[PDB]
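Colleague: Construct all of the structure, not just a fragment, from the sequences and the given hints.
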Amino acid sequence: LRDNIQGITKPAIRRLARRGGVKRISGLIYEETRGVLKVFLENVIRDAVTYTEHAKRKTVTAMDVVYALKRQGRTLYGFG
Amino acid sequence: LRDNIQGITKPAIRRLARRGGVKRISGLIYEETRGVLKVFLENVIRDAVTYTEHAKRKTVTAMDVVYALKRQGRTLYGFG
Amino acid sequence: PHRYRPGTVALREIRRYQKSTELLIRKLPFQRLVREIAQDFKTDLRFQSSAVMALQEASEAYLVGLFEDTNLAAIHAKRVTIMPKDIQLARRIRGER
Amino acid sequence: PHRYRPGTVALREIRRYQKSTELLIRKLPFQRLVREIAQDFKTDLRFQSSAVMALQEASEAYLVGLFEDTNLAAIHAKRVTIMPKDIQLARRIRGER
Amino acid sequence: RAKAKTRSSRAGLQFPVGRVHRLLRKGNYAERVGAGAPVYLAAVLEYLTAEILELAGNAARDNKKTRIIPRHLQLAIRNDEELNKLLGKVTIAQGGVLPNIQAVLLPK
Amino acid sequence: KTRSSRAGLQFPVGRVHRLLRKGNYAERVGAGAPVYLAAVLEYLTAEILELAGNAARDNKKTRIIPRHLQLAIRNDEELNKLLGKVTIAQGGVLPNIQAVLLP
Amino acid sequence: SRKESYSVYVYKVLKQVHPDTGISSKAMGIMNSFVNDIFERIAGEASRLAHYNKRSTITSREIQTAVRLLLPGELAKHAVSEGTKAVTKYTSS
Amino acid sequence: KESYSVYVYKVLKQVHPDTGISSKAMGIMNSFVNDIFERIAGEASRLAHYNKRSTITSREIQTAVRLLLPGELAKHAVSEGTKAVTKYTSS
DNA sequence: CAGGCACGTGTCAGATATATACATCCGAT
DNA sequence: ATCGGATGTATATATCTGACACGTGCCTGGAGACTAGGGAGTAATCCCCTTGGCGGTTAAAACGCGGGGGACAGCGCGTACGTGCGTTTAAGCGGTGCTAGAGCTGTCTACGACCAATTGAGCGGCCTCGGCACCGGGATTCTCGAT
DNA sequence: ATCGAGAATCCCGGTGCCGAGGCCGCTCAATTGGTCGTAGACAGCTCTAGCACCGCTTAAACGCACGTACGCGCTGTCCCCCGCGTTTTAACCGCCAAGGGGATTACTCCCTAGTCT
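Residue numbers (the entry's author numbering), protein chains in the order written: chain F, 22 to 101; chain B, 22 to 101; chain E, 38 to 134; chain A, 38 to 134; chain C, 11 to 118; chain G, 15 to 117; chain D, 32 to 124; chain H, 34 to 124.
Check before you lean on any hint, since a few could be wrong.
To be verified - Quick partial rundown of chain F residues pointing at chain C, CB under 7 Å, derived from the structure: (1) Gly42; (2) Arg92; (3) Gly94; (4) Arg95; (5) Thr96; (6) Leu97; (7) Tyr98; (8) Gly99.
To be verified - Pair by pair, the computed Cβ-Cβ distance ranges are: (9) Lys122/E <-> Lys99/G: 23 to 29 Å; (10) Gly132/E <-> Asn110/C: 20 to 26 Å; (11) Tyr42/H <-> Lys79/F: 45 to 51 Å; (12) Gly94/B <-> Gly28/G: 30 to 36 Å; (13) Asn110/C <-> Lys120/D: 39 to 45 Å.
In short, the hints are calculated from the structure, not lab data. Just so you know, even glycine gets a beta-carbon here, dropped at the ideal spot from N, CA and C.
Modeller: Have a look at this one:
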């Protein structure tokens, strides 16, 4: 898998900004948002994969993601 | 114990801003800073007094302040 | 032909996407991006669907909050259009830089 | 006589207090303020000297960090002077508001 | 012997007391657990749940809905100030955001 | 005899084992866990002391003060991330002035 | 296997504050996450509270102080009154 | 009381055989050690409960080190931790 | 059983005061 | 650019001084042996849940074309904030007393751990009709080019 | 400062869907009833440090004068982002199939808690 960061299309970032309450969006916002999303995703997935590996498992369950998020103070409700 | 919030003089706030790397200061900062400092002090001292009262003590030890700060995410090194 | 003035449709979209709770990022592209990112840490991983859904929801909430802080930073600078400097300032103040 | 240009002495004392490691706040007024705040929660309450010193260090560090964030916010708006709107923006972004 | 009457019924609570006591004992929180601690904790948890559900039902009726959805929990938590501060670092699945548009963006 | 010397460390394996036992962290504590934790603590202390000693020598001093510890922590890429939310008493602040304020 | 949840307990509380209001599976699993979150939050603070005073037991006094630390303002004042009311009733059967 | 004063000073003499340490700076070193101790041990305690285990072993301390410490710092801490355990088992 | 913690003690790294050299700012020029 | 005057920084030397690092005694926390039992490693198995592929629909993304509104640069003004000087206030700093209360010991007693019956409450399986999603059309309200 | 054409939005009704809630069977974990070790509650004593007071000295705070430079309002340029129409295109739904490993139970063995020195 390569260049899947471009799967986060400009309309998706536009909709996220609209939900965040942004009226006008600059052209350079999309690339910055893709980079920030990538950094956040690596940060969460590193801990999730660590939790999965410690359990001698090969599947990343939802509880691993929940624990990884809770470690960084995000504390997601819902799943698990 | 009355009006001791004014004990935090203007030059003290200027000195703190200079340590923070601030060049110019407006006149309303000397009151906004007192307000935010009062809020922070109330928030910390409430928990410190709660710990002291739970410990069946009438003296607020430094360890209570350390625990109260560690509860708010502001870990402090040097006092225990 | 009737053409709406630029401000109106943006605000309409704002209200529409603030009223709802759907996921705004597509699901297969996000799943492919998650798998790509996870290849670096351990090869041949089998993601459970609920884990991908939780990742998408957490990332979307983070992006919405970051865009809110970016919007406030933009308004602080006597502006309406958000710029990458606004995102940088928000992340720096939040403690992510 | 001679008069320094505005900002040069202001650029100084930044270089002093960023190298100095003093408290910069008078100790007895801070002690009185702490006692006044604390009497609301419990009367006839006694304080340790180390407790007041720890409170002073923590308060000063918090204020210094808030002033750095305020400076960043003020520079973001193409300004050199800091206004209370910058403090409010920094506190709002940091999650205190 | 005697008729078994559950500890949650002796305290008037709806949340379990035996379950909370078991979780406290098997949670490695302390060597020993007192008798009144599970009762107090169950009462506190029941109060918090009732307080949230009150506002959640209020939000549900305000939308002409009979059932509670995560949007109603999101609205109830964010509208109340103390619940907002309690759960300020919590993301609720399928909850959305509070409608809020800045005044400068509003059209002249 | 001592477990610290048997593992080649300077931090106390026995004291860490006792703190783990009284800690209430878990019902049982393994044999290698205190050794591993003592090794990690020793490594972290050694890194702090290296950076603090360098910072102290850069200031023509032969003794470590909290200012040197604060400078060492803030001037390291990863030690700053590890102790970002930590306040050091009598540590001061890192000297830094924004370029816009400079004339 | 036999999974444990607060679904029965949350539903009973719902039927007394709002007798004619239901709840969905999605919404109810969030209420299960909330209760488990607060349970670990209060018990963790009480566990640290006993260790600070070199104690070995978690009593209602430790739980009361942890509630006063974690819950804000009026939310703590009402919770303490609810907690003490149950203990007195329990102590007198 | 009990502290790490003897142990911290020994580590300094290996790292800087001439540099010393003041009383207030060295108490900060003590508070740092207990802070990191509770971070790793607290995280490891959650790992046992998460996996329904009842024992804390070297596998839980190692994972807790990777979770807390950043990238390059954690890699050497694992290497130092692994080295000590192998030597301890052999001797 | 011995190492680590109270307790006591010599002593030198560091703070302070004073004189001297000097990198830097500012008004004309 | 530039050149001298004049402040505020570095630097060297004398001169104390009080924490720092090192002996010294001692006792309690760490070590070595031995025993027993339950936690966990290992084997084997079932099914379920993840992955891979294919086919058709179509809503969403990509692209192009105005064009108007917001970002940005430049100008001018006035007023608020620095910089300096004289005056006043109170913060350290040194002593004294004085007693409330943190801290350490000694009983002993109620309280929590623990084990053997006992049984009812919560969980898994399985309906079923009603709340809610969707569509189709009409009435209502907001917007924008025109007076 | 209004006015009507046009587009977006709310509402009212009708229809179908699937899951929220209720019921039934059944375990196993909560309950009772006892014993018994010990954690800490209480009484008592000690010393110590936190509080209060007084006197002196001088460093810092305060108030004022004054200049100036920077924050703010205004105006002009222009460029770039938004609205809208047309053309791909790949997400999504439905369906099928295969096998990898995630939970389970049995068996055993040896690692760690406990006690003594």
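Colleague: Determine which of the earlier numbered hints do not hold for this structure and return their numbers in increasing order.
Modeller: Hint 2 is the one this structure does not satisfy, whereas the remaining hints hold.
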